[PDB]
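Q: Each chain, written out:
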Amino acid sequence: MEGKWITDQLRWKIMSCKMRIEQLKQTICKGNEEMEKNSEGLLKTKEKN
Amino acid sequence: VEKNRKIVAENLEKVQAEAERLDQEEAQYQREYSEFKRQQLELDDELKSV
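Top line first, the protein sequences correspond to chains C and D.
Residues in the first sequence are numbered consecutively from 100, following the authors' numbering.
Residues in the second sequence are numbered consecutively from 201, following the authors' numbering.
It is possible that some hints are incorrect.
[Claimed, not checked] Pairwise CB distance ranges (calculated):
no. : chain 1 : residue 1 : chain 2 : residue 2 : range
1   : C       : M118      : D       : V201      : 13 to 21 Å
2   : C       : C128      : D       : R221      : 34 to 42 Å
3   : D       : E232      : C       : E133      : 35 to 43 Å
4   : D       : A219      : C       : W111      : 27 to 35 Å
5   : D       : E226      : C       : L142      : 19 to 27 Å
6   : D       : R231      : C       : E121      : 55 to 63 Å
[What the hints assert, rightly or not] Distance condition first, Cα-Cα at most 25 Å in a straight line; then the derived DSS-like pairs of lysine-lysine:
no. : chain 1 : residue 1 : chain 2 : residue 2
7   : D       : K214      : C       : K143
8   : C       : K136      : D       : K203
9   : D       : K248      : C       : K143
10  : C       : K143      : C       : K124
11  : C       : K117      : C       : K103
12  : C       : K129      : D       : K206
13  : D       : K237      : C       : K129
14  : C       : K124      : C       : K112
15  : D       : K206      : C       : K147
16  : D       : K248      : C       : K145
17  : D       : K248      : D       : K237
18  : D       : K203      : C       : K145
19  : C       : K136      : C       : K117
20  : D       : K214      : D       : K203
21  : C       : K124      : C       : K136
22  : D       : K237      : C       : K124
23  : C       : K145      : C       : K129
24  : D       : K248      : C       : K136
25  : D       : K248      : C       : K124
26  : C       : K129      : D       : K203
27  : C       : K147      : D       : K248
28  : D       : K237      : C       : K145
29  : C       : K147      : C       : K136
30  : D       : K206      : C       : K143
31  : C       : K136      : D       : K237
Think of the hints as simulated: they come from the structure by calculation, not from any bench.
Backbone N, C-alpha and C fix where the C-beta goes; we use that ideal spot for every residue, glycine too.
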């Protein structure tokens, strides 16, 4: 089982990494959406100014 | 993404701060104008009286 333990250690990192990569992508997607909302707001506010 | 969001947010805040200042100045103009408007209405009634 010593070998299997090492493999499962990698599998935890992999599943965690996939979750982290997915969460990072989701966060980046939200950030771009917010930057877009802020940019749209900025344009309207610049016109408002 | 965070840096760009921070920059866009900073620009929005700066533009909003100017908007609030302009809104306060616009309110003050309405107040002063109201004083001149009262006078204008008073003078029109006074002129017609004279």
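Q: If a hint holds in the structure, say so; if it doesn't, say that too.
A: A quick look at each hint next to the structure:
At roughly 19 Å, the beta-carbon separation of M118 (chain C) and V201 (chain D) lies within the given 13 to 21 Å, and the hint holds. The beta-carbon spacing between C128 (chain C) and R221 (chain D), approximately 35 Å, falls within the hinted interval of 34 to 42 Å. Roughly 41 Å separates the CB atoms of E232 (chain D) and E133 (chain C), a value that falls within the hinted 35 to 43 Å. For the pair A219 (chain D) and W111 (chain C), the beta carbons lie near 51 Å from each other, so the given range of 27 to 35 Å is not met.
Under the hint 19 to 27 Å, the C-beta atoms of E226 (chain D) and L142 (chain C), about 22 Å apart, fit the expected range. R231 (chain D) and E121 (chain C) have their C-beta atoms about 56 Å apart, which keeps the hinted 55 to 63 Å range intact. Taking the CA atoms of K214 (chain D) and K143 (chain C), the gap is about 13 Å. The hint holds against a cut of 25 Å. Between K136 (chain C) and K203 (chain D) the alpha-carbon distance is near 15 Å, which keeps this suggested pair within the 25 Å criterion.
For the hint pairing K248 (chain D) with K143 (chain C), the CA-to-CA distance comes to about 48 Å; that exceeds 25 Å, so the pair is violated. Of the supplied pair hints, the one linking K143 (chain C) and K124 (chain C) is violated, its CA atoms being roughly 28 Å apart against a limit of 25 Å. Distance check on the hinted pair: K117 (chain C) and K103 (chain C) sit about 21 Å apart at the alpha-carbon level, within 25 Å; holds. Of the supplied pair hints, the one linking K129 (chain C) and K206 (chain D) holds, its CA atoms being roughly 14 Å apart against a limit of 25 Å.
A distance of roughly 51 Å separates the Cα atoms of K237 (chain D) and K129 (chain C); the hinted pair therefore is violated under the 25 Å criterion. Between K124 (chain C) and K112 (chain C), the direct Cα distance comes to roughly 17 Å. Compliance with the 25 Å bound is thereby established for this hinted pair. Distance hint between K206 (chain D) and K147 (chain C) is fulfilled; the C-alpha atoms sit about 21 Å from each other, no more than 25 Å. This hinted pair does not check out: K248 (chain D) and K145 (chain C) have alpha carbons roughly 47 Å apart, beyond 25 Å.
Of the pairs offered as hints, the one joining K248 (chain D) and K237 (chain D) holds, with about 17 Å between alpha carbons and a cut-off of 25 Å not exceeded. Restraint check for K203 (chain D) and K145 (chain C): the C-alpha separation of about 20 Å stays at or below 25 Å, so the hint holds. For the suggested pair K136 (chain C) and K117 (chain C), the alpha carbons sit about 28 Å apart, so the restraint of at most 25 Å is broken. With a C-alpha separation of about 17 Å, the suggested pairing of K214 (chain D) with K203 (chain D) holds against the 25 Å cut-off.
The hinted pair formed by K124 (chain C) and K136 (chain C) meets the criterion: a straight-line CA distance of about 18 Å does not exceed 25 Å. The hinted pair formed by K237 (chain D) and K124 (chain C) fails the criterion: a straight-line CA distance of about 60 Å is larger than 25 Å. For the suggested pair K145 (chain C) and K129 (chain C), the alpha carbons sit about 24 Å apart, so the restraint of at most 25 Å is met. Taken as a hint, the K248 (chain D) and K136 (chain C) pair is broken in the structure, with Cα atoms around 57 Å apart against an allowance of 25 Å.
At most 25 Å may separate the alpha-carbon atoms for a hinted pair to count; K248 (chain D) and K124 (chain C) exceed this at roughly 75 Å. Simply put, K129 (chain C) and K203 (chain D) have alpha-carbon atoms about 14 Å apart, close enough for the 25 Å limit, and the pair holds. Restraint check for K147 (chain C) and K248 (chain D): the C-alpha separation of about 42 Å exceeds 25 Å, so the hint is violated. With a C-alpha separation of about 32 Å, the suggested pair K237 (chain D) and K145 (chain C) falls outside the 25 Å cut-off, and the hint is violated.
The suggested pairing of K147 (chain C) with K136 (chain C) holds, with an alpha-carbon distance near 16 Å, which does not exceed 25 Å. Among the hinted pairs, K206 (chain D) with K143 (chain C) is consistent with the structure: their alpha-carbon atoms are about 18 Å apart, no more than 25 Å. Taken as a hint, the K136 (chain C) and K237 (chain D) pair is broken in the structure, with Cα atoms around 42 Å apart against an allowance of 25 Å.
Hints 4, 9, 10, 13, 16, 19, 22, 24, 25, 27, 28 and 31 from the list above are not met by this structure, while the remaining hints are.
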